[PDB]
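**Student:** The residues making up each chain are set out below.
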Amino acid sequence: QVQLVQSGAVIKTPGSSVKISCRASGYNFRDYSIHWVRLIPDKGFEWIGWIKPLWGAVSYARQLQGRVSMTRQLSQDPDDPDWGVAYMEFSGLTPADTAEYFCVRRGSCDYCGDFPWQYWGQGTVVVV
Amino acid sequence: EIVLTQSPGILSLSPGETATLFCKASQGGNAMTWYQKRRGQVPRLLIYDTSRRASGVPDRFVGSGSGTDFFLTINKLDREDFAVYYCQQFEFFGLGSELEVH
Amino acid sequence: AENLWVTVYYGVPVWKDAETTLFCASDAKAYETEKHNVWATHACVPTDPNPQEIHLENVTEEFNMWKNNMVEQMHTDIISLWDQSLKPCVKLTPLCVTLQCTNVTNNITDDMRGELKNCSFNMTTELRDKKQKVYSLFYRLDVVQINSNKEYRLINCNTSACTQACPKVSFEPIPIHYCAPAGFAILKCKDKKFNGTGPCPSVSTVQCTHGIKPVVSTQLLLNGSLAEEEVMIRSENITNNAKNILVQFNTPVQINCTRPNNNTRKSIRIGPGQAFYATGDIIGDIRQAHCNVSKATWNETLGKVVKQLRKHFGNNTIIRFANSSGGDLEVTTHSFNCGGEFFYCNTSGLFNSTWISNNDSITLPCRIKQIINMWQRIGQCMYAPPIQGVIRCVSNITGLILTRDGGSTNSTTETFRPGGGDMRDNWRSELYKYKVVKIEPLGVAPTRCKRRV
Amino acid sequence: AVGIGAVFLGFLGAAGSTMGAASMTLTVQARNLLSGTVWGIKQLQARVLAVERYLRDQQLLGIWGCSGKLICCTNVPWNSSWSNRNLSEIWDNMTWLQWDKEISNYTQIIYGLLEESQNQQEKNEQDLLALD
Amino acid sequence: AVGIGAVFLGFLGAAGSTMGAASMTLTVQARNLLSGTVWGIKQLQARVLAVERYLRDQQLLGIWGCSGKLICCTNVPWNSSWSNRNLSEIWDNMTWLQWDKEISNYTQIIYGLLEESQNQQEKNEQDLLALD
Amino acid sequence: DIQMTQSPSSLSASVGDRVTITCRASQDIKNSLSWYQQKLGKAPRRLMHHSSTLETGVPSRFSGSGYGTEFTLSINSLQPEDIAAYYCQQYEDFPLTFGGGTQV
Amino acid sequence: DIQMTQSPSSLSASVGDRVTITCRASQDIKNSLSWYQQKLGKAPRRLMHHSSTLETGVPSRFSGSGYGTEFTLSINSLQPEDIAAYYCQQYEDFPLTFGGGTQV
Amino acid sequence: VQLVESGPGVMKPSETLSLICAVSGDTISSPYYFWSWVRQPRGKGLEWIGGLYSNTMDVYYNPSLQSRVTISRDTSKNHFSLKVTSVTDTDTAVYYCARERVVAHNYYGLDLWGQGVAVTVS
Amino acid sequence: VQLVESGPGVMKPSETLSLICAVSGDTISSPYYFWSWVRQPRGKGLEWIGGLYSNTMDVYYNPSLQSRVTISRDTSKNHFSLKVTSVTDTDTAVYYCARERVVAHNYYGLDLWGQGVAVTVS
Ligand SMILES: *[C@@H]1O[C@H](CO)[C@@H](O[C@@H]2O[C@H](CO)[C@@H](O[C@@H]3O[C@H](CO[C@H]4O[C@H](CO)[C@@H](O)[C@H](O)[C@@H]4O)[C@@H](O)[C@H](O[C@H]4O[C@H](CO)[C@@H](O)[C@H](O)[C@@H]4O[C@H]4O[C@H](CO)[C@@H](O)[C@H](O)[C@@H]4O)[C@@H]3O)[C@H](O)[C@H]2NC(C)=O)[C@H](O)[C@H]1NC(C)=O
Ligand SMILES: *[C@@H]1O[C@H](CO)[C@@H](O[C@@H]2O[C@H](CO)[C@@H](O[C@@H]3O[C@H](CO[C@H]4O[C@H](CO)[C@@H](O)[C@H](O)[C@@H]4O)[C@@H](O)[C@H](O[C@H]4O[C@H](CO)[C@@H](O)[C@H](O)[C@@H]4O)[C@@H]3O)[C@H](O)[C@H]2NC(C)=O)[C@H](O)[C@H]1NC(C)=O
Ligand SMILES: *[C@@H]1O[C@H](CO)[C@@H](O[C@@H]2O[C@H](CO)[C@@H](O[C@@H]3O[C@H](CO[C@H]4O[C@H](CO)[C@@H](O)[C@H](O)[C@@H]4O)[C@@H](O)[C@H](O[C@H]4O[C@H](CO)[C@@H](O)[C@H](O)[C@@H]4O)[C@@H]3O)[C@H](O)[C@H]2NC(C)=O)[C@H](O)[C@H]1NC(C)=O
Ligand SMILES: *[C@@H]1O[C@H](CO)[C@@H](O[C@@H]2O[C@H](CO)[C@@H](O[C@@H]3O[C@H](CO)[C@@H](O)[C@H](O[C@H]4O[C@H](CO)[C@@H](O)[C@H](O)[C@@H]4O)[C@@H]3O)[C@H](O)[C@H]2NC(C)=O)[C@H](O)[C@H]1NC(C)=O
Ligand SMILES: *[C@@H]1O[C@H](CO)[C@@H](O[C@@H]2O[C@H](CO)[C@@H](O[C@@H]3O[C@H](CO)[C@@H](O)[C@H](O[C@H]4O[C@H](CO)[C@@H](O)[C@H](O)[C@@H]4O)[C@@H]3O)[C@H](O)[C@H]2NC(C)=O)[C@H](O)[C@H]1NC(C)=O
Ligand SMILES: *[C@@H]1O[C@H](CO)[C@@H](O[C@@H]2O[C@H](CO)[C@@H](O[C@@H]3O[C@H](CO[C@H]4O[C@H](CO)[C@@H](O)[C@H](O)[C@@H]4O)[C@@H](O)[C@H](O)[C@@H]3O)[C@H](O)[C@H]2NC(C)=O)[C@H](O)[C@H]1NC(C)=O
Ligand SMILES: *[C@@H]1O[C@H](CO)[C@@H](O[C@@H]2O[C@H](CO)[C@@H](O[C@@H]3O[C@H](CO)[C@@H](O)[C@H](O)[C@@H]3O)[C@H](O)[C@H]2NC(C)=O)[C@H](O)[C@H]1NC(C)=O
Ligand SMILES: *[C@@H]1O[C@H](CO)[C@@H](O[C@@H]2O[C@H](CO)[C@@H](O[C@@H]3O[C@H](CO)[C@@H](O)[C@H](O)[C@@H]3O)[C@H](O)[C@H]2NC(C)=O)[C@H](O)[C@H]1NC(C)=O
Ligand SMILES: *[C@@H]1O[C@H](CO)[C@@H](O[C@@H]2O[C@H](CO)[C@@H](O)[C@H](O)[C@H]2NC(C)=O)[C@H](O)[C@H]1NC(C)=O
Ligand SMILES: *[C@@H]1O[C@H](CO)[C@@H](O[C@@H]2O[C@H](CO)[C@@H](O)[C@H](O)[C@H]2NC(C)=O)[C@H](O)[C@H]1NC(C)=O
Ligand SMILES: *[C@@H]1O[C@H](CO)[C@@H](O[C@@H]2O[C@H](CO)[C@@H](O)[C@H](O)[C@H]2NC(C)=O)[C@H](O)[C@H]1NC(C)=O
Ligand SMILES: *[C@@H]1O[C@H](CO)[C@@H](O[C@@H]2O[C@H](CO)[C@@H](O)[C@H](O)[C@H]2NC(C)=O)[C@H](O)[C@H]1NC(C)=O
Ligand SMILES: *[C@@H]1O[C@H](CO)[C@@H](O[C@@H]2O[C@H](CO)[C@@H](O)[C@H](O)[C@H]2NC(C)=O)[C@H](O)[C@H]1NC(C)=O
Ligand SMILES: *[C@@H]1O[C@H](CO)[C@@H](O[C@@H]2O[C@H](CO)[C@@H](O)[C@H](O)[C@H]2NC(C)=O)[C@H](O)[C@H]1NC(C)=O
Ligand SMILES: *[C@@H]1O[C@H](CO)[C@@H](O)[C@H](O)[C@H]1NC(C)=O
Ligand SMILES: *[C@@H]1O[C@H](CO)[C@@H](O)[C@H](O)[C@H]1NC(C)=O
Ligand SMILES: *[C@@H]1O[C@H](CO)[C@@H](O)[C@H](O)[C@H]1NC(C)=O
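First to last, the protein sequences are chains P, O, K, Q, A, L, S, H and R.
Numbered according to PDB author numbering, the first sequence spans residues 1 to 52, 52A, 53 to 76, 76A to 76G, 77 to 82, 82A to 82C, 83 to 100, 100A to 100F, 101 to 111.
Going by PDB author numbering, the residue at position 22 of the second sequence is 22; the numbering climbs one at a time, nothing skipped.
Numbered according to PDB author numbering, the third sequence spans residues 31 to 141, 150 to 185, 187 to 309, 312 to 321, 321A, 322 to 398, 411 to 505.
Numbered according to PDB author numbering, the fourth sequence spans residues 512 to 547, 569 to 664.
Numbered according to PDB author numbering, the fifth sequence spans residues 512 to 547, 569 to 664.
Going by PDB author numbering, the residue at position 95 of the sixth sequence is 95; the numbering climbs one at a time, nothing skipped.
Going by PDB author numbering, the residue at position 86 of the seventh sequence is 86; the numbering climbs one at a time, nothing skipped.
Numbered according to PDB author numbering, the eighth sequence spans residues 2 to 31, 31A to 31B, 32 to 52, 52A, 53 to 82, 82A to 82C, 83 to 100, 100A to 100E, 101 to 112.
Numbered according to PDB author numbering, the ninth sequence spans residues 2 to 31, 31A to 31B, 32 to 52, 52A, 53 to 82, 82A to 82C, 83 to 100, 100A to 100E, 101 to 112.
Please keep in mind that the hints were generated in silico from the structure rather than gathered at the bench.
One thing to keep in mind: the hints can contain errors.
BS3-like mimics (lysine-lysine), calculated; alpha carbons at most 25 Å apart, straight line [said to hold, decoys possible]:
| id | chain 1 | residue 1 | chain 2 | residue 2 |
| --- | --- | --- | --- | --- |
| 1 | Q | 633 | K | 227 |
| 2 | R | 81 | S | 42 |
| 3 | K | 46 | Q | 655 |
| 4 | H | 13 | O | 24 |
| 5 | H | 13 | O | 76 |
Construct all of the structure, not just a fragment, from the sequences and the given hints.
**Tutor:** Below, the structure written as structure tokens:
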């Protein structure tokens, strides 16, 4: 099994900064490029970001450069190279960003490309 | 950027049948991907790389197509699948195709 | 007659695409200074000189570099003989002691953060019951503050105790000639304009491949083999913003990089025969190590790569360059090896210009690490020993590694940012020209001939 | 011809020629099928994979109409449904690479007809040299 | 016959049949004689033991009257003291398993007799193609 | 490759009759035919294997005889469900080939 | 092995002349001769390959013709540097063999 | 025990006809059972496609249709598959997968069949 | 680009005749070039010794002198060497190394020649 756990729904104030964890376990972490996405009320989707965790190299969509960062932490022990933790620090909130965020993984399928994201997480809504 | 358009948008049909969604990318040859999402839950994957479904999803779902034109076929519409359906290549998404109880 | 008959023909040249192992070769010049002063001298054989390069006729062979084999097993092979050049060296588990550490005796200014920490510690001696107080110089990317008093520890010691490199073994790459086992063949495309996949219409079989030097780099793949005349980008595919657009150009950019801090090697005996090496005293004048590139060649080569990068996007496209965007330390810099030392040099000052559709030297600063964690495994560190003298080396920048940002909703500026990431793409530019095939003989073909009974 | 006017006899040397040109230089693909720590295990399994492939092809050649003969006729006639070509267009125009794609679906029926033709001919030689 | 009424052509598939039945399906025991850390040393020595056994049997076959022919006659008559049986009781009643026990004591005289017969016939062909 | 030929083709008899259908081969098979009965839109229910011994679940009102190449089916008491297809099929050498088709 | 024979042997013509020199083989070569011109104590400068098309750096005052086995060189405009050796050479099968020798 | 086939039938010519036959109640790894694919278009006779045994590797076809058809068999899903590439109009037919006894090694089998599925190619 | 040969020739019969030919300006590892050693004694004809290609292994000679002569080629010094063992008095000759185009693969070559050296054997 492959599991993604998020954190709970946070109601916030305007102008503030939020931190959403995304903790992953059940697989070999350093193969799979992790992505981060949003769902607004009645807007459909739009995509935020992507992170390779073997060195943590990131990129974004065009409307989020310089207010968001994503870091990661690997496992520092020689017994369990499985689990990884991604942090999304998100700063500069506005009433437009009132949404739910999902961290998400390209799965282990045989006809995968990259961008068919298979495994999703249970999601966190945030309202400012 | 490449803009998507789905063919039914809102649909309100009958169970037991077949339905072909069609999506229409603006430049062709793509890797086409299909998604089924229930309301207020995790979206999971239906079809990766335009044809082939995942493990542990029912084989009533088949994706087909080529070029700039991509069909999503469902045969024998069961009671579970009243949801919304999305189609995507990489960093964009469709508007959202909904299939409804009528 | 009209009733033709089958003959089995043996040894028809046809081929099919396959997957197999390959096999080394090197020069004779590597064996003159002998017996593991560089790696792979006890591993694999000398070549035949003059690789028998046979061009063919009227054949169109479909090449592909992105689903290619043989670039995976170079990535296993370099790691495997890296482990085979680190097995018989000395483990450094008695080094991880609490340090008493201070600044090096330098005129401190408040803005410049000091790169040298002079630590002294307890260490065992050759006799196990006597112990010595010894002192060393360390770089601030290799020491952490454990929690008035300032006691420090080495950074690896809550992960794994790890291994000193032997100063017998060198680090400069000898070329490796990859070569085919009996029953396979290696095909080379020889077109100039060739962007990766599809039919190449002039192929050549070869016995062994050409000179490939495995040189590790993160951005700015260096000492690489140039193109033929133009500048070519290559991609997996361009509009996906996850796979690395890698660009290779013709004329090199000469890059001079140096450490001027004059170092003294000092040997401390850990116990019986464990000759630990450390930095001794810094003489001369303490500086920061730095890389240099010439301005005019950089401006003209960046003009050539924006000229051949505009073809995939339309002609009215503003293209700028930013520096690297985040992550840890060995993807924001370009990181490279020079003569037995590791460098991590902050390349903000190269990739910063916009372009419009209508004596002179750039310097860039560079930090020095000593514990490296090569290929990001868990229980491994290679400790480099330090070398005497002012270290300097020249090299040739050839090819760059670029990932886009997700530029969206109609506005025609598209940023490019360098950041290498994966180790394979410094080899896949070196090996985009070969594929392996399996010969399958015994064709079957008709003629007008019947066997006598 | 040879020399300065040669379609090149090298290894795989005439691989895009017409099959009438590749009907001569045929030992040049045969004789380059033999020659050629933890690394020696990889080297030895390369060489025993090579000689196991060569032994499987010698054993598959031998139980048909030819032991080692390298040009080998047999006694099953040629079917129109396999190629529907004339002789002149495959011996005067077509390449072996393109031939192997034209007849790739018609493999593993020709080898079955070869096995039955050779086995029935060997029992015919057995009964012919038995009764005399 | 075949199919639903078949004494089964499988690997070792008719091993208890009579030798007239096992005289047909004979390539089926030939072609399954090739195919197939510290563990790879055991694996490679299994495969080179297999191909060394197969090469010793091909070389022992070849210096008798047949190179790779799979059904092979020669020029020495059959002695009464080896079997004392009729033809019909070994081709219509007896199995190959029982036959290998019946001629178990009469091995290593027949092979030397084949060697002398083939070597004298090869020198007879040598002088007969010499003197003309 | 062995061809099979089945005679007769199109039949319609009364109740309680005894119908015979023969079939012939192109080379000698001597022990090897099987008989199959296929109703309309259904799977073929096998009469028998090896032309002289029957299958369980089928009564004694069907029979097959012959030896060598020409073989013969005989139904001695015709029931009203017999208006269907029947097929003799060889199993001498690969490929298997059925009969032509019996329209009774 | 293939022998070659070059006829005639020795000439001395006046200026502006047209000299013809033929050579014959022992089996049919049909496309394959090359022509070489060697001055005194010097390397042989090649006239042509394949008997009908020329080398760069050599003018149109030389020619070769023929088909099959007998082939023929012609110089239509003799220059005073032509008093030298010439050779036709086969490249049909190994070994290559030259002509006899032209003393013009 | 019943043999269930699957596969929709309406397709375009020169394409990918694929049929699945699977067992419910027992397993396909039982020894000595002849597997057969046999087609029949309505108005025409019984046409033989494929036949093999349950417990070997060597597989057999009809040579007159052999470049169009291939068969497959695996026990991880207990699937028995027919594949047709380059379908003409002469394959609009009902199709039968069949499990038959071999009669020398099995007196105790059940001569199982599929129900036959109808594939129509325009 | 010029080919320089070397080797003095004043020796005794039945001995070690050795000649070196080398390139200056370019390299011998360039593909598709016919290499040749061809001798000529004065008063006698143009005699063919050896010829090979630049990019294979199989080498060729004249069979009438083949036990006397052999050839060698290596790119670490860019040497193209002639060896004659067991000489007679019929090797007092000028000797030429030659680089020729193969005309089906090379329209753009330079048909190169050495100047030839004179060997006199008493
Ligand atoms: C891209 O490609 C370029 C081109 O090769 C490459 O640059 C080369 O980098 C290497 C670094 O490894 C340089 O090699 C060193 O060069 C110095 C100086 O060499 C000059 O002077 C000598 C005369 O002494 C000449 O013979 C020579 O031709 C040069 O002109 C040498 O001193 C170095 O040798 C020492 O280091 C080796 C490694 O330890 C030892 O094996 C060797 O024995 C020498 O040891 C000496 O120092 C030890 C400690 O200092 C001491 O213990 C010993 O006793 C001894 O004193 C080495 O040859 C090379 O010169 C560069 N090339 C050029 C043209 O400058 C780039 O590195 C490459 N890019 C990348 C990223 O790799
Ligand atoms: C990669 O390389 C590039 C350049 O090669 C680096 O970019 C520059 O980095 C510096 C920081 O390292 C940037 O910031 C500048 O630093 C000055 C240092 O002043 C210090 O000391 C005084 C007194 O001790 C303090 O008051 C001060 O806060 C600092 O602690 C600042 O003074 C500069 O301030 C600027 O703005 C203020 C007002 O905002 C003015 O008063 C100043 O005069 C000055 O204009 C400045 O902040 C510098 O900007 C970077 N360059 C660019 C172009 O952005 C990268 O840091 C390097 N990265 C890595 C990872 O190596
Ligand atoms: C990293 O940190 C270490 C501490 O662990 C520093 O090491 C010490 O550094 C100081 C500064 O140089 C050294 O002190 C000097 O010692 C000289 C020699 O003393 C040695 O020898 C005598 C016997 O002759 C012993 O008694 C003594 O204990 C030492 O072993 C003195 O000569 C120096 O005096 C200076 O001033 C006089 C004034 O007249 C001058 O005439 C002299 O020429 C001289 O300039 C001074 O006292 C100390 O010895 C070091 N300790 C060790 C163990 O080496 C490192 O310096 C620091 N790293 C760097 C790079 O600075
Ligand atoms: C990486 O990205 C590019 C584009 O995003 C993509 O390359 C594309 O490949 C396909 C085929 O490999 C190209 O498709 C061709 O386009 C014409 C347009 O008229 C069509 O006729 C064809 O497309 C379909 O036809 C095939 C049969 O011929 C079908 O089997 C198939 O499903 C195709 O959909 C023709 O093949 C296409 O043009 C390129 N794109 C570009 C820009 O050249 C590549 O596949 C991507 N890779 C991944 C892993 O995403
Ligand atoms: C792939 O490349 C090979 C290598 O070149 C190629 O084989 C040869 O091709 C050339 C031309 O492409 C052929 O040359 C001509 O062929 C025609 C018909 O085949 C002949 O009529 C020609 O004869 C003329 O020349 C004679 C002397 O010059 C004249 O006397 C005569 O009157 C004719 O005018 C000439 O031979 C050549 O024959 C083939 N080689 C062989 C062995 O056939 C091959 O064709 C290329 N394949 C493809 C698919 O392009
Ligand atoms: C082995 O030792 C290494 C060094 O001794 C460890 O590496 C360090 O790991 C920490 C994370 O554990 C990295 O980050 C630091 O974390 C603290 C705590 O963060 C808090 O502050 C933020 C601020 O908002 C808050 O949001 C968080 O929720 C936390 O409450 C910070 O205060 C530090 O400034 C720093 O960010 C270090 O960067 C990293 N150091 C190095 C040199 O790598 C390593 O984790 C150890 N491994 C194990 C298994 O113990
Ligand atoms: C190298 O090893 C020596 C020997 O162990 C270390 O010296 C010892 O360091 C400890 C600190 O953990 C000293 O303890 C302290 O002593 C002071 C008085 O000096 C006392 O007030 C404190 O409460 C504390 O107990 C200890 O005295 C000292 N040993 C001796 C004999 O004095 C040394 O720290 C190590 N490192 C270096 C850089 O020398
Ligand atoms: C890539 O280029 C950009 C553009 O300059 C770099 O952004 C700048 O980076 C410096 C270093 O972080 C920032 O300086 C500040 O320094 C103080 C001193 O300690 C520190 O406390 C601050 O938090 C900050 O680090 C500078 O503000 C920043 N500029 C902007 C607009 O963000 C970027 O760092 C470069 N990337 C790398 C990896 O160097
Ligand atoms: C000795 O090194 C320490 C750090 O190891 C320096 O201490 C502080 O360094 C920071 C730089 O990040 C400065 O901003 C602080 O002002 C420094 N504190 C003090 C008290 O200086 C220190 O500067 C170095 N030198 C000395 C003489 O202690
Ligand atoms: C790489 O370039 C080649 C040619 O340079 C491209 O191949 C064909 O290019 C022509 C020219 O526009 C197109 O009309 C064809 O449709 C292309 N064919 C195919 C199969 O792609 C090729 O598309 C380029 N590929 C990439 C990844 O850049
Ligand atoms: C770097 O340091 C070394 C040694 O620390 C210096 O080498 C000395 O050079 C002088 C020059 O005449 C010699 O007399 C000494 O014997 C050398 N020292 C030793 C220990 O051998 C070198 O000069 C320094 N380089 C620079 C550029 O400062
Ligand atoms: C890198 O260093 C080399 C030498 O270390 C520099 O080459 C010299 O350049 C100057 C400037 O024209 C010339 O006067 C010298 O004759 C050159 N010497 C040699 C040996 O080439 C080179 O310029 C440096 N690179 C840069 C970008 O400055
Ligand atoms: C990176 O780009 C910035 C602007 O995009 C450069 O900063 C300017 O540099 C010019 C050249 O001296 C000055 O005239 C401007 O005043 C600078 N503006 C600011 C806001 O600093 C910067 O020089 C570039 N970095 C490098 C290393 O060249
Ligand atoms: C780095 O670039 C230089 C030129 O910028 C290369 O130098 C030329 O290399 C060829 C190949 O050996 C020589 O024929 C030229 O004569 C060289 N030029 C000069 C001026 O000497 C050099 O080869 C490149 N590579 C390395 C490893 O230094
Ligand atoms: C081709 O083969 C089929 C069956 O394999 C056969 O019916 C047909 O007669 C054959 N035709 C020829 C010309 O051999
Ligand atoms: C041979 O088979 C392939 C698929 O295996 C098929 O696409 C192709 O059409 C076949 N060849 C011919 C000539 O029909
Ligand atoms: C059988 O062998 C013995 C000796 O080997 C010989 O004396 C005897 O005549 C042989 N008999 C026959 C029938 O071959």
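**Student:** If a hint holds in the structure, say so; if it does not, say that too.
**Tutor:** Each hint tested on the structure:
no.: 1; hint: Q/633 <-> K/227; verdict: holds (22 Å)
no.: 2; hint: R/81 <-> S/42; verdict: holds (23 Å)
no.: 3; hint: K/46 <-> Q/655; verdict: violated (37 Å)
no.: 4; hint: H/13 <-> O/24; verdict: holds (22 Å)
no.: 5; hint: H/13 <-> O/76; verdict: holds (21 Å)
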